[PDB]
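A.B. asks: Listed below are the residues making up each chain.
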Amino acid sequence: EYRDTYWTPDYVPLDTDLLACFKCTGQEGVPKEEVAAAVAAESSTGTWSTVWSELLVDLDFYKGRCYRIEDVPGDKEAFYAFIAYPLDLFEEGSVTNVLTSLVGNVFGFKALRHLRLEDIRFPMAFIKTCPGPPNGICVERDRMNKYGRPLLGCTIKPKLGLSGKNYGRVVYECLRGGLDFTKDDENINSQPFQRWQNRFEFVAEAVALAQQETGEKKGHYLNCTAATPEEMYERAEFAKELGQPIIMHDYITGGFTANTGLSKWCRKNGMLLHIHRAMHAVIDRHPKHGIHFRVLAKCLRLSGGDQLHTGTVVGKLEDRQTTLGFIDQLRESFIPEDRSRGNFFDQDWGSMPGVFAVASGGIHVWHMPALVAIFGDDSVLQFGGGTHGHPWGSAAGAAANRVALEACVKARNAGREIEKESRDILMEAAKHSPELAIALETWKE
Amino acid sequence: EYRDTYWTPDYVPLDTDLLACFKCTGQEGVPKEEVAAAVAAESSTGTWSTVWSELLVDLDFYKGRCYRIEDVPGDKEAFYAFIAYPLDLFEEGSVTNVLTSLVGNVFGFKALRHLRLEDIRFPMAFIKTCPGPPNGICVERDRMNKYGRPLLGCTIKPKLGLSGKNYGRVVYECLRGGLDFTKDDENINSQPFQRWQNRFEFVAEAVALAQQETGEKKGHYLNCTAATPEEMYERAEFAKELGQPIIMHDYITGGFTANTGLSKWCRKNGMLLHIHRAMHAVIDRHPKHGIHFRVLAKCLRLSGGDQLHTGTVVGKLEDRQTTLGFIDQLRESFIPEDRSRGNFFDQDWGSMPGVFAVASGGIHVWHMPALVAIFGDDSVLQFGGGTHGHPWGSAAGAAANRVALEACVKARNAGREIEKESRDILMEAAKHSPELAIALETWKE
Amino acid sequence: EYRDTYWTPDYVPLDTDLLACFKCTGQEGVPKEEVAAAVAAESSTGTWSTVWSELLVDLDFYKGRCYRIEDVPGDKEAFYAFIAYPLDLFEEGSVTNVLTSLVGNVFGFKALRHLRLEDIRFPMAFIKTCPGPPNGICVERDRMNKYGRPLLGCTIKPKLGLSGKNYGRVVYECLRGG
Amino acid sequence: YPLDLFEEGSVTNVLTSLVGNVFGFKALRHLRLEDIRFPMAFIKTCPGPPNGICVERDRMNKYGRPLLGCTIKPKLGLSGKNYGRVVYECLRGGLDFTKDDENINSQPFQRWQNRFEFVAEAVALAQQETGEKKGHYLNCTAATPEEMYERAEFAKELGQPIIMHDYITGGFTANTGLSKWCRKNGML
Amino acid sequence: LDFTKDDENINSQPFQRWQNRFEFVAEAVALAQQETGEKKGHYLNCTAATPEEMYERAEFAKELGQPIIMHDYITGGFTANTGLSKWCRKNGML
Amino acid sequence: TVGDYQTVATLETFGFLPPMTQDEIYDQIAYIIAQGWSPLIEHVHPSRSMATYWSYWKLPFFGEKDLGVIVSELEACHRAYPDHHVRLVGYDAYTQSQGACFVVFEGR
Ligand SMILES: O=C(O)[C@@](O)(COP(=O)(O)O)[C@H](O)[C@H](O)COP(=O)(O)O
Ligand SMILES: [Mg+2]
Ligand SMILES: [Mg+2]
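For the record, the sequence lines run as chains I, G, E, K, M and J. FYI, in the authors' numbering the residues of the first sequence are 11 to 328, 330 to 456. FYI, in the authors' numbering the residues of the second sequence are 11 to 328, 330 to 456. Position 72 of the third sequence, counted from 1, bears residue number 82 in the authors' numbering, the numbering being contiguous throughout. Position 94 of the fourth sequence, counted from 1, bears residue number 188 in the authors' numbering, the numbering being contiguous throughout. Position 46 of the fifth sequence, counted from 1, bears residue number 234 in the authors' numbering, the numbering being contiguous throughout. Position 103 of the sixth sequence, counted from 1, bears residue number 108 in the authors' numbering, the numbering being contiguous throughout.
Keep in mind the hints are simulated off the structure, nothing from the lab. Don't take every hint at face value.
Label pairs and their in silico Cβ distance ranges [stated by the list, open to error]: (1) I/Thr15 / G/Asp152: 42 to 50 Å; (2) G/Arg427 / I/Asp14: 43 to 51 Å; (3) K/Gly103 / G/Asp152: 58 to 66 Å; (4) E/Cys140 / G/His443: 57 to 65 Å; (5) I/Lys227 / G/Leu65: 51 to 59 Å; (6) G/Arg13 / I/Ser351: 38 to 46 Å; (7) E/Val113 / K/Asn107: 49 to 57 Å; (8) M/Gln222 / K/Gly271: 38 to 46 Å; (9) K/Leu109 / M/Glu196: 46 to 54 Å; (10) G/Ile385 / I/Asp14: 53 to 61 Å.
Distance condition first, Cα-Cα at most 20 Å in a straight line; then the derived EDC-like pairs of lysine to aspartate or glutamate [said to hold, decoys possible]: (11) K/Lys278 / M/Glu226; (12) K/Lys250 / M/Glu251; (13) K/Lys278 / M/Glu240; (14) I/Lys33 / I/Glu43; (15) G/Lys250 / G/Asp294; (16) I/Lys227 / I/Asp388; (17) M/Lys250 / K/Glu241; (18) K/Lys167 / E/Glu80; (19) E/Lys33 / E/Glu102; (20) I/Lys250 / K/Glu183; (21) K/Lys167 / E/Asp70; (22) I/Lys120 / G/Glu211; (23) G/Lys326 / G/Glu226; (24) I/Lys278 / K/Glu247; (25) I/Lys278 / E/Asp70; (26) I/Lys156 / I/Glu432.
Backbone N, C-alpha and C define an ideal beta-carbon position, used for all residues, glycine too.
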């Protein structure tokens, strides 16, 4: 057991294989080839021992081998490990099994100091078994009848404390000002001061009462995360009986099993699904530990959910090259390879619909000229206090955001540089909007 | 917006509040008072911003305050952040809600360079609303009629390749050899080369036949993990109608929602649960980032399960003081405050039965006497290649471990020191069993 | 509407395309690629007419194209028309859909006199979505514990006429005999 | 042939009994089944048409003229909203029926849950404009009988009057199961 | 008139199914109720050969909203009559 | 008065701005044709504004490269229906979406 049968420099991966990239840092002085083979062994099979039973199976077919060795540019002790795995190791249409198989054990092995999974080449045979998005981007736009602009969203503040009536009072004001989404926060599942059976029914009246007064279709994410799938599906059915168009779920804190369970429920019931990436900074934040959010983005797009947070936009998560690296994977059908944006594999989705890219985290009125030039129109903007922070109330603030973005896009199609003439497009729009005239004065500049 | 309102050194924590302990290191130059208050704010409210809706709520009730600041011994830039959270911001009986409220947002906060969660004081009021373990330790011991000795186990190898009949044949060898548990690998959910409906029915034949031959009751943790919650229950009931006593489920990747849903399913159906902690090294391995495994152990004991992986025993995780810390939280009824073992708070579980502490990671015969003294009798040992590495097959290996265990136990009750007298206890048991004689020779020393 | 748009002698089959083999002969005098294009057009899109609704769609992606023409051995008017189909045209995990899309309409055409479907190349993506055999040879042998020899069967005779108990009487004799 | 060799109400039984084996026999070079005289006692047990001509005319309030229909084109490519857009224009021009092509059962580019939903308004919007009842056959051909019943029931909940089915390839068993389902739910 | 009767001979004939008669009679009952300004009903004959087929016709009649039904007790059996009799009390028909 | 915001009914997009000038229409349609989309015209009475499908006028202008033609058919629908909206839509043929949907005339 000294490996190097997991290190095959001649193999060419099959088109049905699932490749991976591990930015691995090894022990001092050890040959770089040995550690990649060890990584391949502990993540696929964890063998050879000295066992009679290990001869009943021709293990040469099932063993995942490392086929290419590369070094991370600008650093010496680390390297890039490319490994090939057969398709037979994973259950069809299951995302929980692949995460457990790949990153489930190789992290715990003591011969590695820092390990990081970067990208996966999902084969079409595995993609076609996964459910994918329930609606997609184009079907969401067609159902909601909104074309040619990024959508609007807000987060209700305060998160904790408002009862059923006050919550409906607050959401009703934001909806009637120009917005079309309000987000039930992750903190709100079922509190003693405000039960879900009371929040669900009274947010239904506020959405329907302001919908007819504006003439547009509006929605409100209802937090349906629960401690048990039996209770969670109950909230889903109660939301259906009220006729709400869109719901919300926490996939990292709820498990991919429950996330897929909700994904297969919405498609049979024709609803739009929103996803919040809670706890994501535990695994993603540091550059040598954990799993890149891009891997989680691919796994989420395969699992389901029509809208996923990208964040964090204060002023931006950064780098822009990296964020667009996995934004294209959330929206396109085929994403070419690019090291500048970190696309290690030629990722093809075929005919799988895309997922909206949601930007949030405290956007104010002067961020609009830079927010649209990067995310495009297939995006959703969700403010924390941008709507509520208007001195005239939370209803007039919504018109200040709606007017600002519409001038922004209408300047974008005209061939102007929105990111460059921010003041020239914001001020001239304020000449036809008194609410924007004060909103631009408040959060200066 | 200047904070310092959350940092109240005069507040007295209540017996019903949820406490916490954070190891933090802020930006260069900032006072410890400000950064601790910011940590408390981003985990409780994320307020006060400029919002007009924030005056409709009595905010002082739902605010999380820091009442104590301690300095980390051996470090200068670090300190301990003790915070008390009111009981009214958490749903009764949900484990996914408390962690979402805790680690959902504060980890993305920019003003903190290092963050680690170490201790939580769960009040008895929230403990009483949680489902808890299905059977526990004493109920499992009563049901399976195993007293006075730790239980044994084995991991079936090879991980990939065995068919339905060969899997049961390998299982039948180990069960008839002396062991009383076998573990399905975490990769096995439902493979193309081995469907789960064939593995369930074939392993149901090996268990029953070896059950009567030896005269003992045996169990086999069946991997009931699935892509959807509906498929999980179907496998659970299919295993139930086959008469298997114990099942296996993966909590991190299956999600707390699904784990609790299966946890409340087992109590009515009389099934015992085995828990596998996959990819855990992402979070608990690094001492500056992530969550301590102690928090996960408490959350599991609150959520359910009767046995849990602790690992890793190669030759030990090290140091032993920390391992005995959360193990005391996994088994005991009352836990005092001890800084040496990391017991930062007085945690009382009331009358909830404990959970078995299962060691793993390639234990062999010579490690066995030292694994008995530290873990006690409420422990389970699992060998992946240790059992199957015996030259005389797969049943002779189990006989060697079973003989060695019982001699070690009987020498412990005789007042001898098992860990210091491993030799004088081990070679004397080899004169009554030739299988142990070759097992001791092949694995030296 | 003169075809040869479906006749792509340069197309390269993909790893997701579902290929087919057709042995065909058409009306006398037609060029060989013309009848191949005709076979290709109807089983995929049966187009182009003069319709405003036919421009709402990028119809160059969904078109099924015949890429290879080979001569049938022993015949002069017969040929092999190999045709490629994008995977987007069939429902995942359905065996009825492929037959309905393939031969549900093409056989009813007038310019083809003799058409024979010979082989189908199923792509792995479509294969992985189908249910397939429930147990298979290996699982059946494992459950029946019959190894190394072919299995023996028989048909009960007479087929029509036997009553309820006489049927069991006849079946028991065959089973107990070997 | 005697009547005792055939099952009551099972059209599949007469096929496998009559045509199942005779064609494979070696002593025949050319064979062709032309006509079969079905006895009345065997006819009576069969469900027959769920509505028939007279009931269809009575329910649709269309008399004295052969009905008109159209097939949606192109067969492949139209999204969910485009299908409804092209269905609505044909119905508002005078026709009373629009057809779903056999290729459209459930395609990746146009799911059946969206085809059913976006057809529901085109029929319902062009019906009120002309004052005439209009229909649109929704293809319920499925790989499993559980799915075909689901599609038929979903069509019923939408209030659609008529559906479509492929019996030659979809199986006489499935067609008969759907045929009896249509009678109890008042579907065409 | 306020009631019209379905005579006992009419249960389910090939020239007139029980599903077709129920739906077209339902339109006439409602269409005449609004014109006259008085509540009008029409007895529907729910006699069948099997007890569950009686219940299917009864529930189909309820879904169409007819208030009154008919049953033949001597030729239908006191068992079936009592089965429908207690069914009407929990459904509130005549 | 300040600060009291009255609920205003806009149709879908570009509602919150005053009506576009003639030159704004010019570069908007220039962009929509430069993207390779297909211009499409719709019109309804203000009562049936919420309806899923509007009325074509007359057909989607597939493959039109001249800017002097569409700017002549926008007013024909308005003069023919002086009490109707004039919606201008961009048909995305490749992805079956609509990248631009803004109403030109509010309706006299
Ligand atoms: O490395 C070893 O020493 C073994 O392979 C045994 O070798 P032998 O067969 O030579 O004894 C260990 O069992 C595995 O590493 C982990 O054990 P498990 O998979 O059981 O958890
Ligand atoms: Mg938030
Ligand atoms: Mg393992």
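A.B. asks: Are the hints correct? Go through all of them and say.
C.D. replies: Tested hints:
no. : hint                            : in the structure
1   : I/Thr15 / G/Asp152: 42 to 50 Å  : holds (48 Å)
2   : G/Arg427 / I/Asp14: 43 to 51 Å  : holds (46 Å)
3   : K/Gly103 / G/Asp152: 58 to 66 Å : holds (59 Å)
4   : E/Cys140 / G/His443: 57 to 65 Å : holds (59 Å)
5   : I/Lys227 / G/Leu65: 51 to 59 Å  : violated (32 Å)
6   : G/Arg13 / I/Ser351: 38 to 46 Å  : holds (39 Å)
7   : E/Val113 / K/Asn107: 49 to 57 Å : violated (26 Å)
8   : M/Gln222 / K/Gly271: 38 to 46 Å : holds (40 Å)
9   : K/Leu109 / M/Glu196: 46 to 54 Å : violated (41 Å)
10  : G/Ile385 / I/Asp14: 53 to 61 Å  : violated (37 Å)
11  : K/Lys278 / M/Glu226             : violated (32 Å)
12  : K/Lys250 / M/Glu251             : holds (15 Å)
13  : K/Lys278 / M/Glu240             : holds (14 Å)
14  : I/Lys33 / I/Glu43               : holds (13 Å)
15  : G/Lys250 / G/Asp294             : violated (34 Å)
16  : I/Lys227 / I/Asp388             : holds (18 Å)
17  : M/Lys250 / K/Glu241             : violated (29 Å)
18  : K/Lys167 / E/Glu80              : violated (33 Å)
19  : E/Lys33 / E/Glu102              : violated (27 Å)
20  : I/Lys250 / K/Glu183             : violated (32 Å)
21  : K/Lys167 / E/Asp70              : holds (15 Å)
22  : I/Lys120 / G/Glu211             : violated (37 Å)
23  : G/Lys326 / G/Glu226             : violated (31 Å)
24  : I/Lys278 / K/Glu247             : holds (13 Å)
25  : I/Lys278 / E/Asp70              : violated (31 Å)
26  : I/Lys156 / I/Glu432             : violated (26 Å)
Checked against the numbered hints listed earlier, the structure breaks hints 5, 7, 9, 10, 11, 15, 17, 18, 19, 20, 22, 23, 25 and 26; every other hint is satisfied.
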